[PDB]
Amino acid sequence: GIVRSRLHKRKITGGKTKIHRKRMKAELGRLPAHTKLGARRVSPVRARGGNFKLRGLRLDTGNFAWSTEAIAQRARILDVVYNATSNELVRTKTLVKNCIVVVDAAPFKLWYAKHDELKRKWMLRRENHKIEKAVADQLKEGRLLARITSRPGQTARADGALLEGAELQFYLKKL
Amino acid sequence: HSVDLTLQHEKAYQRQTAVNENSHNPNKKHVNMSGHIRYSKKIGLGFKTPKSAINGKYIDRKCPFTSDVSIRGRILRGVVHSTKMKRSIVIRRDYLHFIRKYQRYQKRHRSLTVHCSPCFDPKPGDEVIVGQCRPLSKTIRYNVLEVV
Amino acid sequence: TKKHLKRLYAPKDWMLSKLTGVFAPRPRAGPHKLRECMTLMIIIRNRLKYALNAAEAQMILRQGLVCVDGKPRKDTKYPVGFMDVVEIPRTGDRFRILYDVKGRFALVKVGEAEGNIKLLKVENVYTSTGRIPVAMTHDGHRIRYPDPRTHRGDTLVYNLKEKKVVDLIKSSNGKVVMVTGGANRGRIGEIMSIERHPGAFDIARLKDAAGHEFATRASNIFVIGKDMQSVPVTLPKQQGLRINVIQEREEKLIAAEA
Amino acid sequence: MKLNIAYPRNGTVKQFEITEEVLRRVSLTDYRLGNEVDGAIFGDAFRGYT
RNA sequence: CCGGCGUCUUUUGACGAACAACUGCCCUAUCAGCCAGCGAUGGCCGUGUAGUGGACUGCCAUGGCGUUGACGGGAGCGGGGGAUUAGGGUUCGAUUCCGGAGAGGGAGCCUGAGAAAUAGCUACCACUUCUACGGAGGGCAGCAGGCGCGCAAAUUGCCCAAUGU
RNA sequence: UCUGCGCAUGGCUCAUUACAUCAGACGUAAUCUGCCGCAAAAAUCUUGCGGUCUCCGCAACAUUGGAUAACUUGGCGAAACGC
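Residue numbers (our numbering), protein chains in the order written: chain A, 1 to 175; chain B, 1 to 148; chain C, 1 to 258; chain D, 1 to 50.
None of these hints come from the bench; they were simulated from the model. Note that the Cβ used here is the ideal one computed from N, Cα and C, for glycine as well. Keep in mind that the hints are not guaranteed to be accurate.
[To be verified] Taking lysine-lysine pairs in the DSSO-like style, the calculated list, with each CA pair at most 30 angstroms apart, reads:
| # | chain 1 | residue 1 | chain 2 | residue 2 |
| --- | --- | --- | --- | --- |
| 1 | B | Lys28 | A | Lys97 |
| 2 | A | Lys174 | A | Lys114 |
| 3 | B | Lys101 | A | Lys97 |
[Unchecked claim] In silico negatives: residues of chain B with every beta carbon more than 10 angstroms from chain A:
| # | residue |
| --- | --- |
| 4 | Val31 |
| 5 | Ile43 |
| 6 | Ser82 |
| 7 | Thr83 |
| 8 | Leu136 |
[Claimed, not checked] One-sided and incomplete, this derived list gives chain A residues near chain B with beta-carbon spacing under 8 angstroms:
| # | residue |
| --- | --- |
| 9 | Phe52 |
| 10 | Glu132 |
| 11 | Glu167 |
Start from the sequences, fold in the hints, and give me the full structure.
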């Protein structure tokens, strides 16, 4: 079927390869999985390793992480703002690695207020800590910008990290 | 921290994926680039690390110094045929084949393509050393360790 | 997946003939590699001669009358490589296979308490889960909890009576050492020096007794003991010294006059 | 056709016949597998069965 | 009370599978320019695969190879090796061993750790066999054997005793 | 007859084929791997009885549940490794 090979392609000399061999099942493309938003649907496929890999369709939730404090919580994926690859993708709100996105942001808020025995732990954690301004404004409103740092098209789980100052400032200005 | 827009022209941004350098600290301030977070990797066959990699800014995922790209079996030498292309050079090896019947040698050259790290930029006629890395393009299998 | 082997493409250290048969046995995968091993059936039939035919080897082994590593085997085909003790309790004999001088499989005969001793070269060390260190060997054995002084390419004395590891022996310095493969097989000598070439094979220079130095790859070093008077295990028929072609021929004639 | 009529939980089964005449006086297009059928359709000697 | 088998998952040696590259290979210029719309060479981000990769999408760059013979055409499965030669060489390799590819011609697919299998499947094409003609099948470049072909090549035999699986 | 394992190996044939294929040397820190070997394994609220609200109290080689072939019965079709 679909194959991944250099033997239907031109050489560096501009010449053409000539065949003598029918295509292997070792070399083997498959059609791309389309992860979007909506109800979760997961269709496995069997692979050559004797194990299954999972085709994410329509994931509307992700496991997101806040940098620097070494934490994470689940939250809901709402929108896709941006992508490097195309504009077309963004409009359909496809989810593929290194798309900037938008999340519910609620659990992070909740967490950070918890960041008598309790009470003095807080005061210690308040000390020697600060947060970027562009972060906190968004985090107040209850929306945030994050990146999806796992490939959802072959695991059917979408995990992401939350943008921090250096990189956040770039993606912001691209909008 | 803050952006350096001298590097950036991309629609994807570029970051170093080995080590987080995007944390905000005042420890990247009042310094050229020395105090800024970097990834560095030794090549242990006698190829001494440059200054540039260690203290630098540059973001490349196809050189062994700032990436997990590794140096393996073969190491060859060759000159510079052309400097053309972005982060890719063209090396020309030349050697001698022998023919038994005529008892006489002949000159035969392999024109090869390589991915030159943005650390180096050797002039035409310079000699280069190149290692064995995993595929990086269709033709490119090599990388530039050092320059003479 | 290969499941057939032809006599010529098989080792002639198994000492098969060109004529008689067409196939040779391809053994089941195990501790040892295809070239360095010798399959059960070959041993029993062509050397020991407790069998005259293939079917007779099945008769003995399937039933069970034969042990290797002190474990009884119901396997018809199994590898037997190097430093393996095989015991047939019916005869009451204990063979220890080794590499004889001149590239031949040695079958050497040992006292009964030596047949509980075994030597395994370490290949890798690594930490596994729970922080539990592991030495993985050249026979595929896993030594749990090895000594903190263990390194790649060292030997571990291994009790087969009950499984554990007593004191090690290193490849460090001059020590009595023997070769595996490379056609310097069974030749014994001190390590004179260990050369390093990083990113490539590390040469070592060995010097056998009565001089005559030579070179073999680090990979082909297998330690025996601390010293030649501290050896834990027996030597094959020749001591690990080779002789010149002329002297071979001379001695062959001298004995043939009897 | 024929019928092979079967009573579950004895395992008794027996071949009975039905004429063409019978069939002609009922639909066959309106009947398909998984449909229950009243006795009368089969021309009776099957009356009050389902 | 003990022994021998059997199985789930995890772990890594072995037996193999799949990629990549250093060096080498017959004749022909009355074959000298070849390569990019639809990927040619490279960069950037993704997608896919067991995995690396223009393998593939999108974006950006304008490169890559050539008289040290590219490109195209003709002849040819490759090697170990055979023949002949005092030496240098000359010529052969369809064929027992090793490696690759194929099963009428093509393509697609399932299952499996491994197959794009063909005495497995699906379709088309060239053939081809049965049928109270409503339908149902066949693939010898496996061993014998038959037809055809050409100057040219064996028995529709016996046996798993041996050698292997 | 269900179940497990093997049938992808051997065997036979050279049509395609010149940066292909192959031979010597080399890498896979870029990956898969049944059978075989040496080994590893402390998540799991279950079962039974009595009362009783779907709730409790006790007891503890754990005492688990539901179908499908051969078969039997009716059969179909010109035939069919067809049903």
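Verification of the hints:
no. : hint                   : in the structure
1   : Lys28(B) to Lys97(A)   : 28 angstroms, holds
2   : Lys174(A) to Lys114(A) : 34 angstroms, violated
3   : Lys101(B) to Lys97(A)  : 61 angstroms, violated
4   : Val31                  : 15 angstroms, holds
5   : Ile43                  : 28 angstroms, holds
6   : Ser82                  : 14 angstroms, holds
7   : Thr83                  : 18 angstroms, holds
8   : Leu136                 : 15 angstroms, holds
9   : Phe52                  : 27 angstroms, violated
10  : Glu132                 : 6 angstroms, holds
11  : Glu167                 : 5 angstroms, holds
Hints 2, 3 and 9 from the list above are not met by this structure, while the remaining hints are.
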